[PDB]
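Visitor: Let chain c serve as the given structure and place chains D, d, F and e with the ligand on it in line with the hints.
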Amino acid sequence: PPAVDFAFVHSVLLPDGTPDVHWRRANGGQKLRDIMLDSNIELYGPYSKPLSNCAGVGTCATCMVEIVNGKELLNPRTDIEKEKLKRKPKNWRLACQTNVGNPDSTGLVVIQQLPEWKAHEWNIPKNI
Amino acid sequence: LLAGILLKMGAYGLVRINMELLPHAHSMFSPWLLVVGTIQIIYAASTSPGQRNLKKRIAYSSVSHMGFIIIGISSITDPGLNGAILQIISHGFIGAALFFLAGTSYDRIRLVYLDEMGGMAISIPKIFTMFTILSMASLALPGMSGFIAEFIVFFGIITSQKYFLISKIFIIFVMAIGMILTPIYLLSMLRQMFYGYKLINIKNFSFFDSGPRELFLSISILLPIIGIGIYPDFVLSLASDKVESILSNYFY
Amino acid sequence: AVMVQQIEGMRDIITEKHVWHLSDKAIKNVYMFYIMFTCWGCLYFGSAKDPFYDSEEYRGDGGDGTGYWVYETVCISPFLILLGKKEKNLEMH
Amino acid sequence: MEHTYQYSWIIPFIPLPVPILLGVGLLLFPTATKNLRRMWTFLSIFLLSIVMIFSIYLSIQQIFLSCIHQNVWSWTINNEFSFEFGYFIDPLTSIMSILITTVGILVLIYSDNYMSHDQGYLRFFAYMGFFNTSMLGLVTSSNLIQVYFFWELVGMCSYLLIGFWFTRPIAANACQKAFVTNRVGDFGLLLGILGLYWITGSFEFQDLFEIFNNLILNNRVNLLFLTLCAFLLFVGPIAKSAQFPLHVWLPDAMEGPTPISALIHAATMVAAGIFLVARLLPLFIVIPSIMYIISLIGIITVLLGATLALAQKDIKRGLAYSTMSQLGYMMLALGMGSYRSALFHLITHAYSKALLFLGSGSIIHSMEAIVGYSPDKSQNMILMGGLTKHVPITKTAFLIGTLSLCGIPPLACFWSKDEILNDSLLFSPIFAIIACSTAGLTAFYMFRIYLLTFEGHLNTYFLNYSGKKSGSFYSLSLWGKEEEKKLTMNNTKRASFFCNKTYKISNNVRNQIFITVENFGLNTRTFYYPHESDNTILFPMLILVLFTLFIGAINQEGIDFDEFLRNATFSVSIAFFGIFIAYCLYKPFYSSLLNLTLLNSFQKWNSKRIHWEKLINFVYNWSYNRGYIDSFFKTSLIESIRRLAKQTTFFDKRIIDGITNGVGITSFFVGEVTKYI
Amino acid sequence: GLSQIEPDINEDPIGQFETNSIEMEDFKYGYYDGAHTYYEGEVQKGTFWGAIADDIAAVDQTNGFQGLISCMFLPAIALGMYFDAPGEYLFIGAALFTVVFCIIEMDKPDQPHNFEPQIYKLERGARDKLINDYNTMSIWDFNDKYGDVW
Ligand code: FES
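Protein chains in written order, with PDB author numbering: chain c, 67 to 194; chain D, 254 to 505; chain d, 65 to 157; chain F, 1 to 486, 497 to 564, 569 to 576, 601 to 715; chain e, 51 to 200.
So here's chain c without its partners, still in its complex pose:
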């Protein structure tokens, strides 16, 4: 079946000092929030309580996720991600406004959840 390969590196490093990769399988592209919630990975963080976030529409800047190796199969920034966050390293997208594509999709997007409250910088190779 068409399976998109997520990674979902956690922000907190393990006690070993190495990151943890979880490799969620969830099929197709509808919404990265609904994928991370259906497949049960920590998206919000302390905003995971019910009314502590806008729950999908994009009015808060809470479900922001740093995505690297993700220039391949995404929707572009929908001017809510371009406005609700304005000064970020540009690898950070809101999971409920972004979309990883259509059902017939395969890819290796790696999406560091909770970029706020992190210790690492990811050293993305310079574009162009």
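The reader is advised that the hints may include incorrect statements.
Using 20 Å as the maximum straight-line C-alpha spacing, the simulated DMTMM-like pairs for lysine to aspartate or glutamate come out as follows [unchecked claim]:
1) D:309 / e:68
2) c:150 / e:138
3) c:154 / c:182
4) c:152 / e:75
5) D:308 / e:68
6) d:149 / e:56
These aren't lab readings, by the way, just hints derived from the structure by calculation.
Guide: Same frame as chain c, but now just chains D, d, F and e with the ligand:
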């Protein structure tokens, strides 16, 4: 003095050679001078947010505050004309000190428009506080002479024998929109020119504050405003009797 | 001064009504004292070290005390550098 | 009574010494008076304590003898003016005087340390002393002239206090809005008090109460004009008490300090909008349609105050919307004619929500040590998390305050709301069941505010989220000498170096080699925990706890001064229901007193999150767009005025200065033409 | 200010109405606004009289006599009432004070900030109007750069 005392001849003149020399014609023309002044307050309070300039804002502010004098003159009442004379003196002090502070702010900052000239409160705090107090006096704020002026003129309207309630309601409404629009432009000026932080102005400028001379200027023009806001009869008591000698020519 | 006033709704009122006034002469006297204070300040603070309009910030660049000295200066110093540039081109750059 | 009321003219002007000495000190000798940094503080507190003592004695003499003293003087005597500036010491004045003086003293004591790390700190107390003077003159006010005087002076002090941190532009927008909103209210107040001088010719309260009892039986006065004048007279209170139209100034007034968030509201100034209506009730019950207007405004802004605070991520904004709801409860109680229950609700609210605001400031200054100074962090209620372990006194203070707002009966203040609903439910069907629903919502969001801050894990040093705390803790590895000399610069560990290969897919490895360089440990390793605030921040909170516990038992003295258990258990049922909806969500599983067998079925019944993915979505959209009313006003009221200003300065500069300049252009042109022809 | 070169035009005319302040994204709270500065410990003494007289001495061109009369003038007019009621004596004395102050303000120092802007070239100490009565130095024509170094 162009706004302090030169603007008041013409307001005082409408009292001398129009109000007590041509009374039966002023009784014909004051109904329209009233509409003119009521439109003038709103017009000159709505043009002032239109001005990027700092000093033209206060010039239109003077055009706006002269509307209450036009209204008190066209109010055939003792309260109306006493409020007109009191507003002559009050706006004399206010506009004088405001133009003084705007000129010193231009000399310190060397910027004119409010789009530029962001936060300069930490740079010139003495100018900031004196400009704020005198904007409050321009605001018809109680404790300042502007309030009692821009209230006695209202009281001369609502206690007018010339006009009727169908007109008094409209006139008071359009007059008191002026005191919503006057906060808008005065505090827009204050938040544009003083409230903020400019990252390129951190320490390398370190402008000079208000020297003791300029501080004395502003304080010396403030103290009559405060003294007339707390006790208006420093200005009413020297005119009110004469005002009756005006209005005795009007009622019969 | 003391008056008891009956009102149906709430309570009784014990109004006092100290009708007073500063008086015609005292008003003249406070005008007098404030004008004398204005004299004192106009002379003394006029004889104070005005720190802004003394230094090379104001008096250095231009500093005549006008409001057009900035604009005529930044309209003249272009002309002065243009004249010095013509003088430099007069002697082979 | 004989001579103590002759000296009733000082309770306004006793604080005014220290702002007068500060406005001539900080403006002329700022270094010298800022050298006396802490002495002006104690002077202000001592003068406010003098006024507290005098107001307490006046309240004692009010409850002893049933009389009202109106020691009026003469301001100006020229023509019809005959102005006075007297002091209408009635039961309501005495309430307002104690309510101003006590909370002002405690907030001054609070600001002694809240603002001790402030650079401009004495001007704050200049503003506060002038604010207390202005409000004490507002409530001690015989005529609408002095009321109006001190109304606009309160607006001034609100502007200055909200824009106290003038450097930050958000406070600039806040203070400009606050004063503009207060003046949209004061517009109404002015052309209402002038309408009353038309209908009555009074400028006094002694005459108005004796005229309006029989005025409406005459013929010249139009009843439409009377209700119009009364609505405009109420528009002032709409702005000061943050009612539905002019409510936008309050949730944006949090950009100033927290002490002013305790004194501007839950205190003197929003109490002024309730004071004016309570003072003009003798001429609002007579006018037919204004009372329904006041009830409707209150009942609209109890749910606009309630549906707003459900999802405010900030602590101070949530408390401000809660204040906006309780002031609507008071305006509703005045809309019911209940002259006494509104004021008791005001007293208990102003001693409870002020306590909550002082607790919020103590929470905040405990949180600055964690997240530094950032209102998007140091006030963000979500990452406040868990503070019961660290700050217990502030926990007890905030808990007592929030339980006083929810209407807890034994150890809190339920009886105010009990009288509210007892006098409300047998009046109208519209303004009763929705008031109870908003009371349940009040319980919910206030306990959410309590739980997200205090009960739970810290949510900022939490080791499931905060990687910095993890990197600071594990200073050594779990292997000692093995697997590395230490590792920083861990690469893309997609295979984990486990000899794993991929099946038929798009790609496994590529030219993407990204070194996930981690941070270090054993550096700035302290990361101190939030310790309790100083003792002079606790002492105001303790006194306010003593108040709101002492106020909860106030043979009654509602008549001297100015379905019982079934309604009680019903109101407690809806309040406990809101409490329970907050508890089952925000109380964590390891500390909740509920059974795990039920808490798991809660999420099992709501694991879909599709019907909640619209309800929670709409509630958060409501709370974040601020009911869309701020957007509507900043699109159609201030942007409308800005379009109108550009239009009018166009008309001035182009086509009425165009004529004045065209005279000269035409003179030049005809001169050059008749020179060359 | 000076702007010897022509300044750069800003391509972003930020707005007719909103202020020129930095956004909250870049605003370091506490340190900028002074809400968390002023840690007591770097403060100084001078309790309200060692800093008032310091400020009076900071801004003053008054000598022993001019200045003493300035300190004793307003107390004299303040005791013009509440001790007596002279009348015209107060105004005659105030005019005498003003005129003697103005005669004194023909100061022996001339303080070159008093002079025209065109005077500020260099070496203006050699110019001495302070002692030289009837200066007779045609430099105020202000149309040509004469060498006044003699
Ligand atoms: S949840 Fe509010 S932005 Fe995605």
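Visitor: Hints first: check each against the structure and report whether it holds.
Guide: Verification of the supplied hints:
| no. | hint | verdict |
| --- | --- | --- |
| 1 | D:309 / e:68 | holds (18 Å) |
| 2 | c:150 / e:138 | violated (74 Å) |
| 3 | c:154 / c:182 | holds (11 Å) |
| 4 | c:152 / e:75 | holds (9 Å) |
| 5 | D:308 / e:68 | holds (18 Å) |
| 6 | d:149 / e:56 | holds (15 Å) |
Consistency note: the structure conflicts with earlier hint 2 alone.
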